[PDB]
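Only a portion of the chains appears, each positioned as in the full assembly.
A and B are the chain letters, set down in written order, and residue numbers restart from 1 in every chain.
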Amino acid sequence: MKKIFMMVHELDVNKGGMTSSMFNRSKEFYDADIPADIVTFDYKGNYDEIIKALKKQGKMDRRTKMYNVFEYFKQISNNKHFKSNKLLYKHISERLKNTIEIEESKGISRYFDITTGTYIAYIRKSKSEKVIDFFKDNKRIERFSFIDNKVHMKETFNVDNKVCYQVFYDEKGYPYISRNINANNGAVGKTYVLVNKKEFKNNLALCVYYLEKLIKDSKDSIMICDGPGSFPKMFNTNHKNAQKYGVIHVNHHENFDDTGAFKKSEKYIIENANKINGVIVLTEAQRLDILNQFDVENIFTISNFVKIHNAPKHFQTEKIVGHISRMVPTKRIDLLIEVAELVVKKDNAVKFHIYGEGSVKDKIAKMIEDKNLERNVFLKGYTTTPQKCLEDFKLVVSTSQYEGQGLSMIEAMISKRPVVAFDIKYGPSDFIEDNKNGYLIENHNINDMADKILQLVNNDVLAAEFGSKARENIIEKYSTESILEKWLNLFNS
Amino acid sequence: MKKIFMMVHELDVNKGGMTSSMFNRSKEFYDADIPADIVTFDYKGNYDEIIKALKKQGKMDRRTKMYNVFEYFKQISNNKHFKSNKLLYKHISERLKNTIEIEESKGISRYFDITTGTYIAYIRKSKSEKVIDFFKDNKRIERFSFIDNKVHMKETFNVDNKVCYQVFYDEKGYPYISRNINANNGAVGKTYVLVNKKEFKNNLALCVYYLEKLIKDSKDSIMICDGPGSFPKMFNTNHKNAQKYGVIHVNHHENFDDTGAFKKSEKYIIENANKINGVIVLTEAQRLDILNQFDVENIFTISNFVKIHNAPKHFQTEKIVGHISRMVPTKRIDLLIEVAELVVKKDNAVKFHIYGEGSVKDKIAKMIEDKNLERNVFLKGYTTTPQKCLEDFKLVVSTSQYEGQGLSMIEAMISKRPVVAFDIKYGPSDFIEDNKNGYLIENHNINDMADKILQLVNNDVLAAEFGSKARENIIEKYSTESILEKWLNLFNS
């Protein structure tokens, strides 16, 4: 009776392909009678609300549990008291005594001392959530954060109005964990679990202790580490019999670097491959590269499980080119904008839909206006229904520079939509068959990409034939049966 | 029934020609049955004391009222309470409890905690005024400022011992206004009028609201803006029928600049000339310059009203050269010192009297010592009786670089004293007739100025003849009747 634990720093709604990956892998293992659950190492007051959201959308399976370090201690504390922390509420109440109130917006109000004139507090009410900012010498010193009129967290601020210390309160209002935050970089330093009256060097120390308490040291206990930052938390555990795996979801080479350097985190995972049960990469291509560059052997290729949903009823006849991604520098949407310009200047009709949000969103938006493509290129924002958006596209495009495998492309192919993409490390090459199910463009060759988009976007028969062969190819190469078989081989060694 | 409101940031005793200008214009309009009053936008605890002073000296007419934004709210607050703010005094009292006192000077005493040794407060008593500086962690945190044993203001200090917040107390000790001060530049940010429980973006916001409440939106209501910084406070009012005028009291070109740049504030006043009832300049010369440089028409020349006092009984026979001015860089007293040196080296007898105070005072004082003119050039300090000092001079001199009109020169001419001055923008050219009532020296030609001073300071008949024709010329050109006529034309349009 095996039981899996998938480590990631945090879970959220706007999240990329790594979380999509974990959720699908969780579903697939639960279907194989192995409970795969997620472990997180961050504080979030509204975690319950988030899980409810992720499960409603169908993104997260209902079966999958989410174990969290703070919640484990909040639980310990909840059960230690019976009466409410009335004292803390009186403490906050007392601070706002002889006060006059000045209104700003709706929820927003500032409180001044009736007798002295001193600025006392700032309160921002928002239905469920409320925030109280207390002041000393006209500078903010603390912030009491509430959810459903109950205090959950307290942050202390420095002279630069930056957090330097946090306190977390249980369901009864009692402090269970408090921790120093480095104001400069925002790094979590000394953690103090108040409930068990024990101190920790930092989150790594705390989470190692957590994992050692959460996971049984059985050979039937499996730790999978998806988050690269989370790796040392798994690596440093005293677990002698428990299985330890590390999954590398990205190109291990340092992004935008010609010096032949590697990503710091990934390098550490790769170097220590032999000291654990195995390091997993998505493409056989990346496996070879890693083996040829490093003196390790424990590297295995296991692709992502593919959710083979049913393909749309009809193909999109209208000239619509799609792109569903995290809006980041490596996805090179700037080059997609430059390709779009070449396309529209040869054919006015074609429309480009760019779903997603991120860092580069504003620069690309500004880039659209200057190039005068406001009527041709639209930033449709983050979707929660990618499958639905895919119906509306004639073809999908990828300007992405670096990739681990590229699920967005796989997803498009599954929903009978051909992909036009730059042949990069790693993934496009693996699933795309140039002039059969899609186009594999030479990396950075924006002019040739633009031409092969015009070719496909005007020929409705090709767009239909390519999209069909694309779905066929994914079902073939990425069979859920064969992928699970690869995992199970590792688990039984 | 017209009523005028003259806007200036503040009123004080040491003040220059702009305040002298406003007071005289106030007297002149009151004599024309139009009440002209002054509006100020700054906090001063002792304002009443200052007005009493200005009215005693005869500088300010007894009829003229001074409306002030803070006093308007202090008034509102005064009337809101009946009992004294005994609580605030107990708050200050309590802070100095188990304290020992150490003496420094007379009024000066420091207070230490008897039980702990902590530095508690610094108190400086001075007959009517008292200041209490409170400390936290051996650093000053607040200053309670008192007048006649009653607290009027409280300042909060940062880590750099700079004011970052102010609170103002009424006649009963209750806080009415509190405001954030930018510690770096000393700029007034968020103003909170505690009495009316309303917040304002800053002093501009607060004063716009004030003016809208103070001034009736009648066509018989007139706003004159003398202070260039005060301009936006007048400009931004919702007043649809009230008349809006801007007076430019200085050379609109940027001081000490060869790039052809303009004074920031003046540029804004000038540019928006057409959007208001009119922008007023003192010289017809400046009017032309402004019209030839900017695309506006609403520029009018109205000189200052001249107080034609009676001229002294006798002329000064003794070799005494005078100068009455704000001691600033534009008045170029450094060049006067260099001229004085040329004069004394040709004639030992001549004495130079330099009344006034300001920025450059110390540098000029140091400059006198090094040039060895300690026995010939004397810095007589600020006078409150310029008319009296003028009796003692044979002639008056002006090294001033930039000028709006130059009243000090006009004043000298009225009191039968010829003026030797650099022909500059703007004013000397207008009233001085070279070799008739004075000398108009080529700007910066210190050698020729020195020569024309020696000429006049040795010839007692010329100094007498010039001074006589000078008084005649001012009575002629600057008739109070004609000036008031110009104003009244604008008001009735």
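What we mean here is this: contacts are C-beta pairs under 8 Å (C-beta built on N, C-alpha and C of every residue); 3 or more make two chains touch, one makes a residue touch a chain.
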Copy count for the complete homomeric assembly [2 present here]:
3
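Keep this in mind: only the chains that are shown with their structure count from here on.
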Can you report the angle of the rotation that maps chain A onto chain B, using C-alpha atoms only, to the nearest 5 degrees?
120
Rounded to the nearest Å, the gap between Cα centres of chain A and chain B is 63
List of chain A residues in touch with chain B within their complex:
100-104, 110, 112-119, 137-139, 159
Which residues, counting only chain B, touch chain A once they are in their complex?
85, 87-88, 91, 136, 141-142, 154, 156-159, 164-165, 167-169, 175, 178, 180, 192, 194, 197-199
